[PDB]
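FYI, not all chains are in this one, though none of them got moved.
Every chain is named by a letter (A and B) in the order it is written, and numbering of its residues begins at 1.
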Amino acid sequence: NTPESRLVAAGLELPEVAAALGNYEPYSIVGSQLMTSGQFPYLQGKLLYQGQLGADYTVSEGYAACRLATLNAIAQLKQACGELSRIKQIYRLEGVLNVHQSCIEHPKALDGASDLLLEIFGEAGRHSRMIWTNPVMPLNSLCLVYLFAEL
Amino acid sequence: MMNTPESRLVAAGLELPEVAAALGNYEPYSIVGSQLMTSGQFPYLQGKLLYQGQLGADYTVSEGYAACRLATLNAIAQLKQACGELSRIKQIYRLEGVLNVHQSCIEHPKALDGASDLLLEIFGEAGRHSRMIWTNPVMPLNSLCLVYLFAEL
């Protein structure tokens, strides 16, 4: 029973992996640690969420956005390791959101990422996390997600 | 008798707080190999978030220093829960801190020294760390700061 089967059972198709925005690699590996560059909420090559939590998007939409960015991040991890069953653990999630001052519910939005990790990787998806808000995002994305995996 | 981090906390008159619950569906710490890393730690005292606002607007630099010190005390409580005896930590090799800072203030590195100085006070040479610092406009719980620690076991 693989992460891939769970994606199928959840009705989730892994997107095509997006190109870097600059002269960097989409992931790197040091020893047993695999880490992604920033992953966006793309669907069918379109950046679906462009704006700010609390102003343009509700918390439930932010949740959806972090879920989709994480699906993109998982696509990136699959590209890197072939079979997602090779991943011993997704030990760390780090996420950035653009958030209006009137809203401090961004940890709920980032649960979109956390929840998918647990859904797809099970106990292997239990992770620590970091959260940031930034005023300006690449592509005006609502969010950016980074994953760290142990092989 | 023994020069443990715990004895230094006692000597400093510092009691470790109870470890706060996660704000979402994540672990308070994770371990990969010999690397133990916390999730975000807040300046809680007796279950109350003591600093809520922005450096330079709501809090002075010395208050930010105190806030980062308290968040780091919380982070040390988290580490103690994870490893039992803080003597088991070979080094706190990295501190990463976030503050909410008003444009009129660039003395946030001095605030984050509240964290760095406590790591050195409590862990001695094992507390020597590199560090990252960020400012963010919006914080969870409107906290003035958030601290993350990374330790080698």
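The rule we apply is simple: a contact is a pair of C-beta atoms (placed from the backbone, for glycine too) under 8 Å apart; a residue touches a chain by one contact, two chains touch by 3 or more.
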Total identical subunits in the assembly as filed, 2 in place: 3
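Operating definition for what follows: only the chains that are shown with their structure count from here on.
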Distance between chain centroids, defined by C-alpha means - chain A, chain B (Å): 26
Contact set on chain B toward chain A in their complex: 23-33, 37-40, 96, 98, 134, 136-142, 148
Residue numbers on chain A that touch chain B, as the complex places them: 31-33, 89, 91-93, 99-101, 103-104, 106-108, 110-111, 114-115, 118, 126-135, 148, 150
